[PDB]
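K.L.:
What follows is the residue order along each chain.
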Amino acid sequence: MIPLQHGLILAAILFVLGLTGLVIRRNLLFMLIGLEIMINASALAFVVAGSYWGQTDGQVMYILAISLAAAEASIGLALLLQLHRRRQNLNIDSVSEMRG
Amino acid sequence: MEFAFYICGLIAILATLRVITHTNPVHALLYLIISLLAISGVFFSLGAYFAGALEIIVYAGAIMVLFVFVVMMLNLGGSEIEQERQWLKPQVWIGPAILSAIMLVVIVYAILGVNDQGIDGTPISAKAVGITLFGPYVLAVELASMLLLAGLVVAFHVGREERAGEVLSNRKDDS
Amino acid sequence: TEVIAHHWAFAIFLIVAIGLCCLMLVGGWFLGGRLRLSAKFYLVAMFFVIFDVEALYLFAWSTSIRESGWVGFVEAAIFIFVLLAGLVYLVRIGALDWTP
Amino acid sequence: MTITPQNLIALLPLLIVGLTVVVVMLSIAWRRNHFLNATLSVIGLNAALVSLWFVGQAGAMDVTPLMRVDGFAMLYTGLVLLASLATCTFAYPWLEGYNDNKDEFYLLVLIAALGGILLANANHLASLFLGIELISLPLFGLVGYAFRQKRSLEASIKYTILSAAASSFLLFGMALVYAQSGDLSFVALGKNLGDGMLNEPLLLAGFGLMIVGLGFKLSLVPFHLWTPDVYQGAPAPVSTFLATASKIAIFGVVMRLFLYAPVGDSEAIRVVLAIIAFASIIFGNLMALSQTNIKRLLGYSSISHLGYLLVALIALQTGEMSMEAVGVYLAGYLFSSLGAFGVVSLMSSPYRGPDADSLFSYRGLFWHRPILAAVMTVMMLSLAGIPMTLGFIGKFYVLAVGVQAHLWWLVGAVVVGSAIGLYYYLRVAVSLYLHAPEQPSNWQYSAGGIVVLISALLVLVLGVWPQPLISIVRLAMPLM
Amino acid sequence: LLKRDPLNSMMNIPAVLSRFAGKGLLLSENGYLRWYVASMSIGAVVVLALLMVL
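Chains as they are written, first to last, in the authors' numbering: chain K, 1 to 100; chain J, 1 to 175; chain A, 7 to 39, 61 to 127; chain N, 1 to 439, 445 to 485; chain L, 559 to 612.
Be careful, since some hints might not be right.
Claimed, not checked - Straight-line alpha carbon distances no greater than 25 Å define the calculated DMTMM-like cross-link-like pairs of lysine to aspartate or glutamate that follow:
1. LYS150/N to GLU97/K
2. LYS150/N to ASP93/K
3. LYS150/N to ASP173/J
Since the hints were derived computationally from the structure, they do not count as laboratory data.
Generate coordinates for the entire structure from the input sequences, incorporating the hints supplied.
P.N.:
Next comes the structure, spelled out in structure tokens:
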């Protein structure tokens, strides 16, 4: 009923929007939000790929994707808390002391 | 279950579009919550009941919980960044958007050219995920437990308080 | 010819529940005339997230408990042993007590 | 498929590393001791090496659909295990002058060693993804272990964000190649295609996104911009680990993916990796020219060395000796980077607080510690493709592989990049012997010293006599 | 006319070109994380375009 092209296009559009929100925004919290958007988009693409072939490997890859999303969200939020407690600002362009 | 899939995808795209170009972050997190709900509805519409139930259980019931917990914890409203309004300036807005849109058009050109057998029925329940989760994919969940343990250790070691107090005003470099 | 009726019942249940809440709210409306909280709250939220994602593997184990033999029981037992080792590490370090 | 009792023998290094992970964690919970936990981690890694010998006594078989254990997996498991041992031995003197807890470092090093072993054994797409994530995520707290310091926190931020982005890229590409080919195994990524249909759009784009993620993880161009900041900000044992073991395991799973899958015959992925290797070698040797800090220079050197690995990888389907060349060059690069970063770790030990800036100042190193200067200049000779060192043997193998399959552009790129590289390599080698303008008795500092001098003797012996290394690399042959 | 070595000059303009290219390429290592993600996206676009062209 549903073609694979529409679901993969939806997942691709979500990945594009997450990457755009990751690039264009200076806030680290919004950058982590965009990162979780791309993770959810890749997980959605895996779910559509698994549901097309009828195999259960897509849902297992979705489980691995959300486990990675959980642990990476925890790590990024701990780093965000440390950056707020030390620098007292969340501008990702402010912490750029490493020049070439 | 096809029109439900299409409308859930459309409101998911709309919700994440309001996520990307928002100003205060708690409304953006709410829009991401309803976006995750819509992607869960997409998962339900494709026979992946476990995936959508997982998205609201884990991705919308724990991860957005962590995001709003941090936001509601350290009291950002986006202060000193809303008044700047850098993202609603065009000389920064054209560049990455048209670059990642070129990525969009090339990846959806790569999407086409594949044979269309359609999304079938036969919804894969949690029983099949269980029998293929502890059969061929045992080391996946064992080392995923190890990976989650590592992530817990990393984030606990990085982000603990080191100071006493359930109410703390912000000192530079932690006193 | 029964699951379609069940899905319709689910749909009208959800729609009329949100509609009842909306009409209830608007009938109530119509008539009448720099600080920081802590870091242990984030830590306990992260404990909840990580143990919920490990509980996800237990969730998926619970449905296929009989179709997987004693080898699956052994694998889930060492999974739960790793989980309880992490929990008892958290207990013994002192990061789990509150002491307000 | 189920796991038989005899299949537990090939699983043994991974089980031993997991058992020493939980044993170390229980020892942290019970006592919170530093020396005991470091000794437990070292004992666990050594027992994993003896378990690898026991695996070599046993057969080479497919344990699960996730993992296949063979000589390639044994070699990369051994390299990752000894790199983790070196990381622990370099990290104990650095953690001796640390104010906060100093055992979660060993826990994360052990878990990342487990991830490297999984990547060495990875015969699956899920196994590849889980292995690179099990490498990436302990390294977040490894890099940001000295999160009191500004630069380590910044490096942890950059590494975490860029690795999350590249993991999303890899996951989307893996989803695309799963949508194209209905099997997640390595060997069945193009089996449903044939007669010149192999250059299909979805599979090629998914492999391109996977190439993007793995080029982040191998510091390729133009995904190499994370390398110098992460090398500089992270502690020196962390730089040692994420230079040697992480990159060794990721390139090993990349080589296994490009060997077992039938997309190695595609003449588009090969051209893309040819361009990437050319640009990686040329660009990395170019930005390593005007560098005064040693960690950024070693990061750009790593970029060039994964470029040399990539050109060694291009001729995999034709040269017939590319796996052997990659193994020999990885042994040489592992020992050379191990020695260089060991000198960096020993001279920057202990931590000495987060307030003091941790600059290296390698000038005048010979006049107060001559042995460290000797091993550092031996590794600087080794990284340049200069003879009487193992790095020359690896460079010779890489050039032979490149010229066997007529990769003239890539061979010229290797020659130009090496000629550019030896400039700053010998500049550092001379500068560590010049006069210093301005200006150790423990057992474990001596242990790091014998580790780095053993690495120096190893590269010297295998530069003047590489035949045992060739014999032990050719003995470890994957099942075709 | 030859006392300022012309052939040595024409043989060490590769060194001048290498130094100029290194100084030009070091501008990319500005230390901004947003530019790092932008360069990752640019490289992904380049890789995908090169794969679709071939």
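K.L.:
Can you give the numbers of the hints that this structure goes against, from lowest to highest?
P.N.:
none
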